[PDB]
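Add chain A with the ligands to chain B, keeping to what the hints say.
One-letter residues, chain by chain:
Number of protein chains: 2
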Amino acid sequence: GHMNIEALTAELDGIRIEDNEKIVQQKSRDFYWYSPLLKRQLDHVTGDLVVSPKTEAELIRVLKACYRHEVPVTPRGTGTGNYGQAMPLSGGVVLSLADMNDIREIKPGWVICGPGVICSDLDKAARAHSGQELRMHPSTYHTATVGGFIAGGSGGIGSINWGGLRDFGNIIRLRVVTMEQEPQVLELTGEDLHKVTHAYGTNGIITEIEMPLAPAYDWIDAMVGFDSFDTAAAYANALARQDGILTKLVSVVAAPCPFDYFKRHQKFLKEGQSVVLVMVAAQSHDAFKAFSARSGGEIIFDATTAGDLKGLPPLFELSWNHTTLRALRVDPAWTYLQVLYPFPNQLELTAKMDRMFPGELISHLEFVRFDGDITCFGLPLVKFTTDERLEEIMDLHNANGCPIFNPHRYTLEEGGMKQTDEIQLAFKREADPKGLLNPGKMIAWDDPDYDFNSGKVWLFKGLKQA
Amino acid sequence: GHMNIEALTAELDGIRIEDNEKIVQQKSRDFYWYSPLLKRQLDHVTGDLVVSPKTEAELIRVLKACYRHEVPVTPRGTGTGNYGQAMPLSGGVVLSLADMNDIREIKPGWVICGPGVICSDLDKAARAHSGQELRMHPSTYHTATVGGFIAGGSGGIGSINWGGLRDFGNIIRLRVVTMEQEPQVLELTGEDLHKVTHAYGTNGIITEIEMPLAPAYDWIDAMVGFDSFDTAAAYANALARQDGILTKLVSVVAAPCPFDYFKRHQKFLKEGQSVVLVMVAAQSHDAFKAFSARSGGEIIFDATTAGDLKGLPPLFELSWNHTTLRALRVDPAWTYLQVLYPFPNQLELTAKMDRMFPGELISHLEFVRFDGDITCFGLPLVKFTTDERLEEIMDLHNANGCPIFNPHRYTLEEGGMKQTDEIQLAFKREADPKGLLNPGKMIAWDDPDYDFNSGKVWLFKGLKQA
Ligand SMILES: Cc1cc2nc3c(=O)[nH]c(=O)nc-3n(C[C@H](O)[C@H](O)[C@H](O)COP(=O)(O)OP(=O)(O)OC[C@H]3O[C@@H](n4cnc5c(N)ncnc54)[C@H](O)[C@@H]3O)c2cc1C
Ligand SMILES: Cc1cc2nc3c(=O)[nH]c(=O)nc-3n(C[C@H](O)[C@H](O)[C@H](O)COP(=O)(O)OP(=O)(O)OC[C@H]3O[C@@H](n4cnc5c(N)ncnc54)[C@H](O)[C@@H]3O)c2cc1C
Numbered sequence: 001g002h003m004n005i006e007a008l009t010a011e012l013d014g015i016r017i018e019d020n021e022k023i024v025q026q027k028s029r030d031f032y033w034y035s036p037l038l039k040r041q042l043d044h045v046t047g048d049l050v051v052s053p054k055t056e057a058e059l060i061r062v063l064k065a066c067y068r069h070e071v072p073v074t075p076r077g078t079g080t081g082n083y084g085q086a087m088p089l090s091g092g093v094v095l096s097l098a099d100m101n102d103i104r105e106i107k108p109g110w111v112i113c114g115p116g117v118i119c120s121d122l123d124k125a126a127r128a129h130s131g132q133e134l135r136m137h138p139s140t141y142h143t144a145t146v147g148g149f150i151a152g153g154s155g156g157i158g159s160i161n162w163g164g165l166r167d168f169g170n171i172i173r174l175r176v177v178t179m180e181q182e183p184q185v186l187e188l189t190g191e192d193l194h195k196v197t198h199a200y201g202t203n204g205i206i207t208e209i210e211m212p213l214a215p216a217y218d219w220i221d222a223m224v225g226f227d228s229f230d231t232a233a234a235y236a237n238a239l240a241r242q243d244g245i246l247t248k249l250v251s252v253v254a255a256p257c258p259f260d261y262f263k264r265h266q267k268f269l270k271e272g273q274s275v276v277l278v279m280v281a282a283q284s285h286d287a288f289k290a291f292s293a294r295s296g297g298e299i300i301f302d303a304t305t306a307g308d309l310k311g312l313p314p315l316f317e318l319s320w321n322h323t324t325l326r327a328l329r330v331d332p333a334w335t336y337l338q339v340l341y342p343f344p345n346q347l348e349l350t351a352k353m354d355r356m357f358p359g360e361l362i363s364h365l366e367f368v369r370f371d372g373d374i375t376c377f378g379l380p381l382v383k384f385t386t387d388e389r390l391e392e393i394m395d396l397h398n399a400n401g402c403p404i405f406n407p408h409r410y411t412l413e414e415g416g417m418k419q420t421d422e423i424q425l426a427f428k429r430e431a432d433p434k435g436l437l438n439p440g441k442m443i444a445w446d447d448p449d450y451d452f453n454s455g456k457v458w459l460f461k462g463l464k465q466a
Numbered sequence: 001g002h003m004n005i006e007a008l009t010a011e012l013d014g015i016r017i018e019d020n021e022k023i024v025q026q027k028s029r030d031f032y033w034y035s036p037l038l039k040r041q042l043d044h045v046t047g048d049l050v051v052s053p054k055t056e057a058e059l060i061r062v063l064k065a066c067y068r069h070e071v072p073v074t075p076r077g078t079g080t081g082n083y084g085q086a087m088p089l090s091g092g093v094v095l096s097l098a099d100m101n102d103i104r105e106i107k108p109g110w111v112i113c114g115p116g117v118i119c120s121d122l123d124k125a126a127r128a129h130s131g132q133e134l135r136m137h138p139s140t141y142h143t144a145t146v147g148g149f150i151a152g153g154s155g156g157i158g159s160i161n162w163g164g165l166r167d168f169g170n171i172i173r174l175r176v177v178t179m180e181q182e183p184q185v186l187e188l189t190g191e192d193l194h195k196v197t198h199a200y201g202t203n204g205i206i207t208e209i210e211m212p213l214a215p216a217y218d219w220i221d222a223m224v225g226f227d228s229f230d231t232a233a234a235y236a237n238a239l240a241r242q243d244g245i246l247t248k249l250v251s252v253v254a255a256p257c258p259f260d261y262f263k264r265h266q267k268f269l270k271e272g273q274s275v276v277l278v279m280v281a282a283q284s285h286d287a288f289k290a291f292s293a294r295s296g297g298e299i300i301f302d303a304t305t306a307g308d309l310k311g312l313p314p315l316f317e318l319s320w321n322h323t324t325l326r327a328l329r330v331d332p333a334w335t336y337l338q339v340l341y342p343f344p345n346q347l348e349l350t351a352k353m354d355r356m357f358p359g360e361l362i363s364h365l366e367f368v369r370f371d372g373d374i375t376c377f378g379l380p381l382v383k384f385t386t387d388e389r390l391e392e393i394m395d396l397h398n399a400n401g402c403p404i405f406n407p408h409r410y411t412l413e414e415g416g417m418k419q420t421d422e423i424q425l426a427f428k429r430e431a432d433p434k435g436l437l438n439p440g441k442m443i444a445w446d447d448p449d450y451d452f453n454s455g456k457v458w459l460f461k462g463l464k465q466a
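Residue numbers (the deposited numbering), protein chains in the order written: chain B, 1 to 466; chain A, 1 to 466.
Wrong hints could be hidden among the right ones.
No distinction is drawn between identical chains; accordingly, a pair holds when it is met within one copy or between any pair of copies.
Taking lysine-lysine and the DSSO-like style, the derived pairs with C-alpha atoms no more than 30 Å apart in a straight line are [what the hints assert, rightly or not]:
#: 1; residue 1: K289; residue 2: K456
#: 2; residue 1: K107; residue 2: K124
#: 3; residue 1: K22; residue 2: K54
#: 4; residue 1: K461; residue 2: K289
#: 5; residue 1: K383; residue 2: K289
Please keep in mind that the hints were generated in silico from the structure rather than gathered at the bench.
Here chain B stands alone, though its shape is the one from the complex:
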């Protein structure tokens, strides 16, 4: 309970605020509980107030009042993150951007919108306007905001074509408001916007996004079935390398996950079958069938031949961390890892990890472009037993050439994605000199003795060059 809440509230007349304990608690939590460790470590976290600005002017009024009363501010889109990113470690204000949902420009190849736009609503507008859609979106498409995807996410559906938010070009411009005595507006383009990507809101509030757009095609859901995980992974790798077959998703989900946890599609599945989830553009569908017939890929579900699709979720809601959701809804002991299998050894590495952890781990791959190669990331399911065994499983992945981005952590550095360097530290001081933006999420800000120059493989490498 921050000491200055009464005075801060008195300065916010006319701005929508909420101090009801139950609502504040709900809006102080994301999906951190996918991690048993975070579920325990973050159980006591709650804010003091939820503040919901409608416009950038209201946001500036809120930040100015929080700065002068030194009340921490933790941004929130819609709170669908998995690492506790939007959770206020120091209490204070949960700053919801959900009402800043303008969509102000759609052009051939790009869109300009506010941070609170839900991904699926952005696509609804871009499709109606000119048959366009986002290049990539999280499997939380229907619930997650664009601003929270940029500040807290990394990629997802469409990464097979475009890579991820780590890559130049997948975001065009970020307009950011600083936490200063007089909040400043920064228009970040070029490499500068990459200081903000996956920074958990610690270096400014995104108030406008310019992102590229891609063509909205008739994407056809298909599942390809296999009697082993290795054969499924080999097929998915080969399909992902078909440069003329346009896909939006290529996932591998190892048995027993599909038959056990993909309940609505169960009529298309059988016990022991691993599956490859595919979204294929209608103009590439015939070639996909011809390639699959040549490549030993049995199509066990095709949205164009399956008949009545009523009640079936889109295959993307069986992919990415939706795969984890489907498993933990049936058995809550399942958690997950985040893994890279570096090119060109991804088939051998995924198989080795699969064999190393029988029963305890269920393999799950997502094929993506990564540094110009086609490879796969992993979201393997892990049956939680003890904290120590979970750390050991992750240590073993790292020691066997499969870098881990630890999702059982709530800080930037320990999560393995957003590298801290001198430029990141200088920018946080520029955008948040008092350290009021999402405190506790950046270890190097709190600890001048912390060695931020360790950590091997970073998904979002820092800007500083050699």
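Just chain A with the ligands, lined up with the frame of chain B:
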């Protein structure tokens, strides 16, 4: 064969025919003369008449009459091939498809049209209709037909994104009419259409094409200048690997070719400078600038800053075999090779060839997707001296890990792209039992002893396996 030209002509009343010697001679030649060897070997080739059907029904009348009166038929789009593909080795009919140029359907992601449509005309229509365009096109964009591209070409602008016509999905369907007593209409989909791709019209006439479409963007021309070929190639490889920076062309042209032969752009160039030719989508242009600043790439020409300049060719008319056009326009002694530098060793290999042939060869790379990797093909310029030295340069490329697709040959097999296998031979026997379609272009048809299972690296691999 018992050719009867008079009886053929009598059966074609109502169909446009040309027998003027000068016109027939012109329409019996392509750009074979880019090769000094082909210029000498094919100098005396001419047809007997040009027949120009306007409908598939007229085409069927022509083939039926040519079968009966044993008149060879050599298809022609607009005759921009480089290997003599459309040249009638046995005289007879030059079958022009230039008037089978209807545009039938444009939908999200696909087009249906006739073989005679010029690539730029197809794009002009698809852009006006729904902001779409071809995935790929040859540098002869404004002159070449789509049907001739499929039957005689391989890739080009856009291959950086989509691979080649060799790849599943870059063509959807080919409607083909056979040379049988009653010509048969085949609708080729799946793998079957790949029997006709790059077959030089030897196994049927394409009468309708269904190909995918891609989004039309504001493509920005830019040139990036370097003081050495190797640094230009390293930059271009890195740019090609930026998965979020959407490009349509990434070419490397070694000094002294740009300064000597890119005359209209001379004010932007300097002596000694190698160049990377880039087409970057407007929504990726700012990211391209930021990447270039971080990657040692000096932008020496940029269409967004150059102004509305008339008389400047698009950069793609300095790329692919337009680079060769420009060189031989100034010095007719230049010819070219076609090379693959196999992934992942393309930088090592291109440098080794560049240094092995100083002065006599000028390096030229085109970066493309190939089998799922990003690598480059080569169109190096070679100063012609003797036939023996030209053969030797190609032998040395092959012996140093750089497969040659020999452009100084006019047969399918000797050009290294279209492999003959038992499936290809059987299909010509089905579609052209009398051997009247483009005779002399397929060695295995005339040579029973031909070991068509030799050769190493084929660009268009046969359909047969296991
Ligand atoms: C089932 C499931 C599947 C998922 N699949 C994916 C996936 O495929 N890919 C993926 O990347 N993620 C995935 N996620 C994670 C998450 O859903 C997405 O990253 C999502 O886009 C986050 O947006 P949000 O609005 O929920 O952000 P929140 O959770 O509200 O916030 C995320 C972070 O962004 C910050 N933030 C939010 N808005 C702003 C702003 N305007 N300015 C500055 N900082 C801000 C918050 O402080 C926090 O640090 C998944 C989660 C679940 C539960
Ligand atoms: C300067 C220059 C640059 C070039 N750049 C490229 C490049 O980047 N990429 C590339 O791939 N090529 C390139 N080429 C080669 C050529 O321009 C293209 O391949 C072009 O698309 C061929 O089409 P066309 O209509 O000119 O065919 P033509 O030359 O008329 O014919 C080509 C072949 O197709 C056959 N054919 C034509 N129409 C049909 C039909 N309807 N049915 C069956 N067979 C048919 C002909 O018999 C012949 O075998 C270039 C050539 C030049 C001179």
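Numbers of the earlier hints that this structure fails to satisfy, in rising order
Structure breaks hint 5 only.
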